[PDB]
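As a starting point, one isolated chain is supplied in structure tokens, in the form deposited without this ligand.
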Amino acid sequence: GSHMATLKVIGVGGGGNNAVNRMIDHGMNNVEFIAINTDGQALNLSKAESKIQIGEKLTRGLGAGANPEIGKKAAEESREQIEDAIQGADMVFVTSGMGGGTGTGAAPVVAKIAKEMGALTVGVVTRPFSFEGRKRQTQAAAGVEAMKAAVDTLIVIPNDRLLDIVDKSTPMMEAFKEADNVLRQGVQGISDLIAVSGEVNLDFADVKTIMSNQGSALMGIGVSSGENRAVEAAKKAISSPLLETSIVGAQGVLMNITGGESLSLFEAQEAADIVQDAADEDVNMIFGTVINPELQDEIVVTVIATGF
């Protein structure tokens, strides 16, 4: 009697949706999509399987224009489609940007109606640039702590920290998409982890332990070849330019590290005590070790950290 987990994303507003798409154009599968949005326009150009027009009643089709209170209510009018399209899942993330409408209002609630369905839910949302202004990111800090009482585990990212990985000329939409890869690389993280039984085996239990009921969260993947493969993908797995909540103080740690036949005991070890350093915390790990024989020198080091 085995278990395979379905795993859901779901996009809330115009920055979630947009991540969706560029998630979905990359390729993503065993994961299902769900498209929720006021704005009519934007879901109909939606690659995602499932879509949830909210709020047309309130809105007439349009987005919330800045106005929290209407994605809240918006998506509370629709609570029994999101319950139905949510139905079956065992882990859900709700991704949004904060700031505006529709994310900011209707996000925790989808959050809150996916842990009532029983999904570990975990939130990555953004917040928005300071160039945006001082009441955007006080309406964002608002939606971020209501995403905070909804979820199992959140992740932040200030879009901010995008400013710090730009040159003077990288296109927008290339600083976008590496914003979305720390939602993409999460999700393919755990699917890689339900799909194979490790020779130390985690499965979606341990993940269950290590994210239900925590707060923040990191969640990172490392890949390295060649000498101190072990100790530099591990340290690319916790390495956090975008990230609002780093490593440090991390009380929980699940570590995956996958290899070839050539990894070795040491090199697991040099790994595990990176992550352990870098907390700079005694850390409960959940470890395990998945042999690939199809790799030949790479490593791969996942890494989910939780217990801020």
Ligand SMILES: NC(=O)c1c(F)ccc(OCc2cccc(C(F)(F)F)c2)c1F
Given for the second form:
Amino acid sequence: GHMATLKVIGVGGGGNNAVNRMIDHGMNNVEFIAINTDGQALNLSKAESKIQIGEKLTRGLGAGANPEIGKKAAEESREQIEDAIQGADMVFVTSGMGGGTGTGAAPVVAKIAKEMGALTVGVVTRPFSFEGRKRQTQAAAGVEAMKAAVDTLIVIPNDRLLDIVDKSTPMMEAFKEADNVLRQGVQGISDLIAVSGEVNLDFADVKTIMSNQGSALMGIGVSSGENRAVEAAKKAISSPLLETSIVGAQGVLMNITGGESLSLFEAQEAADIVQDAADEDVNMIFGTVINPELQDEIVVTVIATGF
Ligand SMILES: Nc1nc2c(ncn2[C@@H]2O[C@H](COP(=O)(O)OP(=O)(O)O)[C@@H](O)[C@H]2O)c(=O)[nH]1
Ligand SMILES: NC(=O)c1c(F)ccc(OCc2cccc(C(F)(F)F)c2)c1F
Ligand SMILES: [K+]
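Based on the form deposited without this ligand presented above, generate the structure block for the form deposited with this ligand bound.
Then the entire complex follows, led off by the chain already shown.
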């Protein structure tokens, strides 16, 4: 009975905002850690564990949009970061790229987690085009440093939020759509670990698909009625918010959850939808859960890696 320890680590302002809004959902088995230079913002974190990094460097302020200060701050506090990560089997490092603390400290946090043997997944945003070319270039250097430091990376370009709002959608409601990329991935792994499937997948399968595998997609689709399996699988692989599409995926961990009505035929239909985008040589690990509490709903979940 292996019970994998998951930790979610927010780094910098945007990363800790996302963690705060996830905590408001009361996610149970996951440990949340807040890392920031900015002591004012950190004091408002809802996370159980708070690490103020770089206090001697920034005097308790943020990094002032300087990634070099964010990096140095994380290095100054390496021992406190190590202490906080201790015991993790999987770490999600979440951060907004383009500022000073996330850009510079998130790759250091990720490297420390990977050095300690944890499966390390980064979930980061790129800045809106309206924030300027300079911020975008700073963020892209952060993205590349994150790629070098993580097992798998999910990139959310903030510009994609402009594809799902109308002219009146509140900014905070838009931000919750981006938060949900992180939330569904964390929750989905948590479910995989906790629940015993009829075709059972576990953390070792997650490790095979995600360890040292570059870009990643973590998606979920829910549908009912006619064509529910095709529609749910299409939703799981078709988020408007991701940079990396599933085209070309070399690894897929896929699960279908339904009630007792879940048919073998619709399992095939869902798998074929996902296969018809991945590489012909994709390593597919397919699982199934029968949840008799469900009636007509089917849930398809996909991890796709390897581009
Ligand atoms: N989607 C989203 N993006 C954010 C949020 N906060 C900040 N950002 C983005 O993250 C980038 C860096 O900002 P921030 O995390 O505050 O900087 P840092 O604290 O110095 O690392 C910004 O340029 C924005 O693109 C948020 O709550 N949601
Ligand atoms: N068959 C199982 O043991 C099982 C189970 F009993 C519960 C959930 C499972 O998969 C959840 C999942 C899969 C891929 C991607 C995601 C995420 F949403 F994170 F992207 C989540 C399972 F495989
Ligand atoms: K399982």
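Residue numbers count along the first chain shown, from 1. The term rigid core refers to the maximal set of C-alpha atoms that superpose within 1.5 Å between the two forms.
Position with Cα shift of 2 Å or more, rigid core superposed between the two forms, options 56, 273, 69, 281: Only 281 moves by 2 Å or more at its C-alpha.
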